[PDB]
Amino acid sequence: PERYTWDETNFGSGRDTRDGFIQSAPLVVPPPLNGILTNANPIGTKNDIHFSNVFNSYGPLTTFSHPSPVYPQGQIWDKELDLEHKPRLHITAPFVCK
Amino acid sequence: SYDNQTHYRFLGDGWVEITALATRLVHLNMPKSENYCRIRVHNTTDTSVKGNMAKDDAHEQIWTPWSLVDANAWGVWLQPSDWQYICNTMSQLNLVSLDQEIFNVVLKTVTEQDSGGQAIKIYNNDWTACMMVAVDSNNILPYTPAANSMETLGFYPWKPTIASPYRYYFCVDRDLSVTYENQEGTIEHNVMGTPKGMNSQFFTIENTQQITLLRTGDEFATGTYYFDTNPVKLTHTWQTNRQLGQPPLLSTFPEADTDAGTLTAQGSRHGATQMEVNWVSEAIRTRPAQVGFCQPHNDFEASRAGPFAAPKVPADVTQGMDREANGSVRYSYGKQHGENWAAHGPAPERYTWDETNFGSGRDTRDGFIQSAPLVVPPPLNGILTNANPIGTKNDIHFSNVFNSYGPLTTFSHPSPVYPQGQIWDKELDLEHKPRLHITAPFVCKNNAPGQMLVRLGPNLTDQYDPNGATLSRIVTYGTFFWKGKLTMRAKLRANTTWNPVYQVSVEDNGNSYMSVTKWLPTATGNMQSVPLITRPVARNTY
Amino acid sequence: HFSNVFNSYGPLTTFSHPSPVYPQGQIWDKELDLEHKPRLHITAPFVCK
Amino acid sequence: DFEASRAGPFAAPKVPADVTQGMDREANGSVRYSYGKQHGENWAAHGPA
Amino acid sequence: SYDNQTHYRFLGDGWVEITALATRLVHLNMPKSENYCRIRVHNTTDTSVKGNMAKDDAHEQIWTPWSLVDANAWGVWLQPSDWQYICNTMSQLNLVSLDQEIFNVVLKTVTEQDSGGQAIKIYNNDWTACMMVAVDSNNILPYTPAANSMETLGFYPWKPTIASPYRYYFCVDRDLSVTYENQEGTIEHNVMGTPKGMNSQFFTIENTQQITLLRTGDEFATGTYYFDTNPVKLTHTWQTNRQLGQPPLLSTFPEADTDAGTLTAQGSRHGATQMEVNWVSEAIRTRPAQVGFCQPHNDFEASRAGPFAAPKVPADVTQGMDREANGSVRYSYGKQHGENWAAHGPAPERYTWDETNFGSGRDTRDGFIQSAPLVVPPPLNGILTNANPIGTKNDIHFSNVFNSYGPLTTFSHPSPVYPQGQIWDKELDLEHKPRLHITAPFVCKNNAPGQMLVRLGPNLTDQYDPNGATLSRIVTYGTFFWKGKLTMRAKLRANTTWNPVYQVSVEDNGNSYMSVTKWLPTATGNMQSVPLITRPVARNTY
Amino acid sequence: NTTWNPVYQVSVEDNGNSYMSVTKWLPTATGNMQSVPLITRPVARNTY
Amino acid sequence: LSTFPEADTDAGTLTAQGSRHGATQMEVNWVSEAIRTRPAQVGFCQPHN
Amino acid sequence: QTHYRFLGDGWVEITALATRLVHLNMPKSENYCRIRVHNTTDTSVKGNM
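Top to bottom, those sequences are chains A, B, C, D, E, F, G and H.
To convert, count from 1 in the first sequence and add 392; that's the entry's author numbering.
To convert, count from 1 in the second sequence and add 45; that's the entry's author numbering.
To convert, count from 1 in the third sequence and add 441; that's the entry's author numbering.
To convert, count from 1 in the fourth sequence and add 343; that's the entry's author numbering.
To convert, count from 1 in the fifth sequence and add 45; that's the entry's author numbering.
To convert, count from 1 in the sixth sequence and add 539; that's the entry's author numbering.
To convert, count from 1 in the seventh sequence and add 294; that's the entry's author numbering.
To convert, count from 1 in the eighth sequence and add 49; that's the entry's author numbering.
Hints listed in this document are in silico derivations from the structure and should not be mistaken for laboratory results.
Some hints here could point you the wrong way.
Capping the alpha-carbon separation at 20 Å, the derived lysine-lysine pairs in PhoX-like fashion look like this [to be verified]: (1) B:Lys438 to A:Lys438; (2) C:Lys478 to B:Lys490; (3) B:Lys478 to C:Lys478; (4) A:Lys490 to B:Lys478; (5) B:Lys241 to E:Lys563; (6) B:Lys166 to E:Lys166.
Start from the sequences, fold in the hints, and give me the full structure.
Next up, the structure:
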């Protein structure tokens with residue numbers, strides 16, 4: 393079966409792990425070594441496992457764009473889950489019957 | 046008719062129609078760049094350093110020969126005293142409508158003559174000359190908050206002011222690698238980039254708005270935009286997950302005004318918790334929800350634009366003095382937007398505002414996390430604290446990477462700052478909006494107030510050739526008045542406590558933060574505008 | 442371990458409201474006077490809008 | 344997750360959910376109640392327990 | 046009220062009312078020649094050469110102290126982006142109406158004083174001064190397309206522009222003989238000539254139009270000319286005399302996606318041709334008509350006016366790259382009418398537009414002609430090709446003198462070019478009109494838009510004597526705005542194919558012809574206007 | 540249309556190695572063909 | 295902007311980070327694009343795999 | 050086919066018309082089946098899960 397990977401075009405909302413870092417305490421101009429964790433520091437005794445693979449930056453100020461559908465193959469609508477508290481959206485399809 | 050006051054129209058049930066009247070003289074010069082410029086900016090002087098990268102100022106804005114007129118700052122409408130009256134009496138506020146006007150347009154030209162004597166400059170107006178004004182009512186062009194750089198209008202009535210030239214951002218795709226102190230090796234690649242064909246957007250004031258020419262005896266007036274926003278409380282909370290509901294039952298009563306009372310045996314005490322322990326305590330007892338939350342400290346993320354500090358919801362600084370932990374903000378204004386006038390050097394005055402929504406802030410020092418079936422005295426490896434190094438880094442603890450946000454996570458909206466503080470703000474054209482904005486308290490649910498632009502009419506000379514490189518143009522500059530009307534709705538608070546509540550009062554000439562002399566002119570007429578407390582009266586969350 | 446500090450909450454994160462307990466269980470509950478309310482309360486199933 | 348503000352330390356509430364085969368109670372926010380006589384519990388039970 | 050936009054009003058059945066709004070500042074100086082001049086021009090510097098004669102610029106125009114204001118150029122109305130939107134969505138376009146306006150007339154005078162210091166120039170307006178405007182609504186005076194020399198108005202809104210002085214032709218009767226390279230002997234007679242009494246026509250703005258004086262606070266407005274023209278398709282054809290109707294019947298079907306199928310024995314195959322051969326083939330089979338035709342290459346004819354290049358109907362360049370064979374056009378604009386601003390030297394930028402009406406073009410290389418009762422393999426003297434010298438000349442073949450035009454000769458109307466390109470054009474007062482014009486796509490069936498003329502009022506000095514040779518006049522110059530309204534009708538194309546069609550898209554910063562950076566300002570604000578594809582979507586002729 | 544500079548359009552291209560090759564949506568000598576996903580949101584917007 | 299390019303090659307400059315107006319959430323006495331306050335958060339970091 | 054009906058203010062009523070021949074065979078299982086699926090062939094591996 394033929395395959396294809398669709399990369400969203402909502403630029404400015406994506407993220408590059410390489411450059412993603414985090415400083416510490418009262419911000420210092422040139423961060424020390426133990427005063428700034430980067431995507432090169434092993435977590436939980438694992439070399440390839442960095443903060444990126446476990447960090448969740450979601451929050452109140454976290455605003456984004458709804459995913460665009462794909463012409464062929466792409467799904468149109470989708471039923472909503474019978475859950476008391478619905479999810480902000482679905483990835484399976486762009487349109488969800490309220 | 047000039048007018049710069051504030052009228053309070055009282056209605057029934059305790060509702061007031063606050064009216065803001067702001068008039069101010071403006072000054073404008075010939076926009077140097079006769080054409081739109083797509084200038085780029087790269088501060089290699091700092092980005093090249095190993096430890097530096099948080100000082101990154103790389104991007105590529107587009108300069109327009111137009112100047113924006115933004116009055117989105119409380120410090121330009123209300124009067125110092127007025128803001129006081131409000132915060133001390135009101136209990137909530139909300140925007141109603143806006144209205145702007147322009148008039149008394151003066152256009153003069155300069156002629157540096159007297160070449161046979163010394164070097165004097167002669168002035169004289171020109172009627173035929175014309176100014177150009179337009180209003181992005183549909184909000185086509187990018188939004189540019191003047192307070193987003195402290196370039197609004199003067200906060201002092203009897204002192205004129207100038208407009209901040211209009212300039213917006215553009216797509217480029219910057220890139221920078223991570224490096225610390227000295228480290229070892231090179232900064233990999235600190236590339237800038239070129240414009241992409243999919244994200245290129247070059248607008249033009251001319252092909253977007255209906256410009257209007259205004260001569261000497263002309264004048265312009267806008268419509269009457271109606272605000273569709275949500276009101277903001279003018280009180281602060283304090284309660285925390287410890288003070289929520291039925292307090293523990295008392296079994297011991299104090300004998301004197303010194304000693305305290307006691308509770309019931311933790312083991313043999315009624316209640317309910319989420320732990321497997323067979324006892325009860327304030328620290329573990331169940332609560333209605335979560336008051337505030339833990340936010341990643343100094344979280345610098347990066348996209349195609351480059352690195353940036355992820356905004357964080359302002360909250361109480363807590364006893365821990367954790368400013369950069371609860372998102373407190375630090376401002377840098379100057380002269381017109383506050384700061385003393387007798388201050389020498391270009392050094393801009395600063396101030397860090399710590400939110401007063403107590404009970405929602407967090408202290409990292411005490412923040413900890415236990416493990417597995419909760420144990421009374423936690424072992425050593427059975428409890429992580431803000432003293433345990435993560436990812437081989439000593440100063441990097443769970444706090445600087447923990448995100449406690451969640452469903453039960455409820456909080457309070459940030460209160461605005463009197464001077465400098467921003468009023469409203471356009472909403473992002475994103476399918477899923479953010480619960481709020483920190484840039485300002487009020488966000489237009491629908492369309493927002495169209496931005497106002499201005500530009501002096503290009504006054505030409507006798508010698509003009511389009512094909513000719515760069516050619517002359519008679520020197521010119523202009524001034525005009527600006528009248529603004531801002532109506533708002535609010536309700537007076539009700540006195541229900543008993544014990545007098547905290548009021549925003551002033552104090553005799555002293556070292557006190559609230560010194561009258563701070564808002565009073567000097568022997569020469571200098572003065573400043575110090576930010577004022579918003580939400581002086583306590584509220585009650587539960 | 443990561444479990445004791447990982448927060449998987451997010452946009453796609455959908456769930457079900459907690460069911461009340463017959464005896465003892467609480468019925469309704471006042472809402473916090475906060476500008477931004479919490480998606481729900483655990484103290485009780487019903488919250489007066 | 345024990346956080347702390349000006350009030351002091353406290354257990355951050357967590358949305359109740361299925362305990363799962365893992366018997367993870369304090370992981371899915373299950374709740375433990377402590378009633379007495381009037382609010383349930385057998386009447387023939389001795390001690391304030 | 047200034048305005049320079051483009052509104053698309055959608056109606057029913059897929060028809061749109063496109064509205065063009067163009068406003069622009071203009072500049073005008075005192076017409077040096079206070080009176081009409083009948084100047085002559087003879088370039089003996091080149092006409093004297095043996096090989097030169099195609100550079101002949103001999104004639105005798107008449108200079109008028111008036112400046113024409115022509116906005117007959119798409120590049121001045123529509124915005125780059127807009128033209129795109131159109132070509133990609135529309136399927137045809139046509140002119141509707143025109144409307145013009147003038148206002149904010151500024152009149153200033155210069156006084157070069159400061160003779161006792163250095164040499165400074167002082168400026169100051171004058172109300173009493175007056176400008177003069179008139180409109181050749183009846184079209185008495187000769188027609189002068191400004192785009193017929195790229196002297197229209199600026200294509201950039203935020204950049205002012207000037208008018209091209211008015212000047213028309215006059216009868217003289219020039220003469221020049223034929224000569225090549227060096228040849229031998231003299232250029233016979235390269236005579237100019239004098240004015241004939243039967244073809245002498247000297248008009249005067251004053252005795253033809255009702256001039257109107259406009260001072261500082263005055264303003265003028267034209268009527269509302271309604272266009273009576275034929276719409277032009279916004280799609281290109283491809284089909285040729287080979288692809289017209291029922292394709293040959295297939296007898297063989299391919300086995301894989303590599304090999305092809307076959308037809309039926311040419312001899313034993315049904316159909317009909319105009320040859321006496323007892324077989325059939327695509328090349329000889331009869332067709333509904335003739336798609337395009339052969340045109341004489343570099344056909345220089347000559348009348349009493351002198352030699353000139355006989356215009357030829359633009360068509361597809363064909364694989365043969367035959368530009369000067371299918372009448373492709375080469376333009377030479379500058380700054381205002383396109384071209385990059387950062388280009389040094391007076392060197393004007395050029396561009397050759399190759400028509401996209403494929404199937405109508407011709408390739409000389411393959412063009413041949415057989416003889417008498419057609420023979421399968423043509424002999425040598427029984428078939429003339431584009432390799433046989435005619436009239437003792439090696440490079441001169443039948444192609445450069447063959448005219449394939451005829452009854453069955455059908456073709457497609459030339460598509461306009463976005464920037465530079467001309468819009469409409471007056472029709473020749475000839476009893477028998479030409480099937481079309483190449484200068485522009487739209488030709489007014491009836492009367493055409495009256496041309497607009499302007500002239501500064503002759504401001505005199507105290508010292509004036511009519512009988513006195515040449516006398517002074519206070520230095521003066523003026524500026525004014527010009528608003529234009531252009532409404533048009535068009536219908537949206539219909540998506541009927543299946544396979545996505547060709548769209549006029551842009552591309553990331555690359556070497557691609559469609560680079561975004563090409564229409565974007567520079568670090569200093571420079572930019573150009575590159576011609577754009579018209580008729581991006583394919584059509585279908587049969 | 541409010542920009543000025545032509546915006547990105549979903550166009551096709553002559554028979555080439557380009558992702559947007561017409562031959563990709565055209566039948567073969569035997570009638571075979573495919574359906575390649577297409578770009579959604581070719582025109583840029585503006586969030587703020 | 296305080297510096298304007300001379301040609302279509304070089305770029306312009308800004309104002310001294312230290313002596314430049316604005317507002318950030320850090321305790322540093324300067325300003326820069328990377329630290330300056332923003333209306334909200336555009337996108338976010340998500341746990342990988 | 051697909052019809053585009055244009056209205057005022059720039060709004061369009063896009064209509065989608067889809068017709069297609071379908072084929073169906075006798076459902077092998079004359080009754081509802083509660084079949085289970087376990088890929089022990091892969092779940093047994095150490096790295097696989």
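Checked hints:
no.: 1; hint: B:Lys438 to A:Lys438; verdict: holds, 14 Å
no.: 2; hint: C:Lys478 to B:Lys490; verdict: holds, 18 Å
no.: 3; hint: B:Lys478 to C:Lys478; verdict: holds, 16 Å
no.: 4; hint: A:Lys490 to B:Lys478; verdict: holds, 18 Å
no.: 5; hint: B:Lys241 to E:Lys563; verdict: holds, 12 Å
no.: 6; hint: B:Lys166 to E:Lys166; verdict: holds, 14 Å
Every hint, counting from the list given before, is met by this structure.
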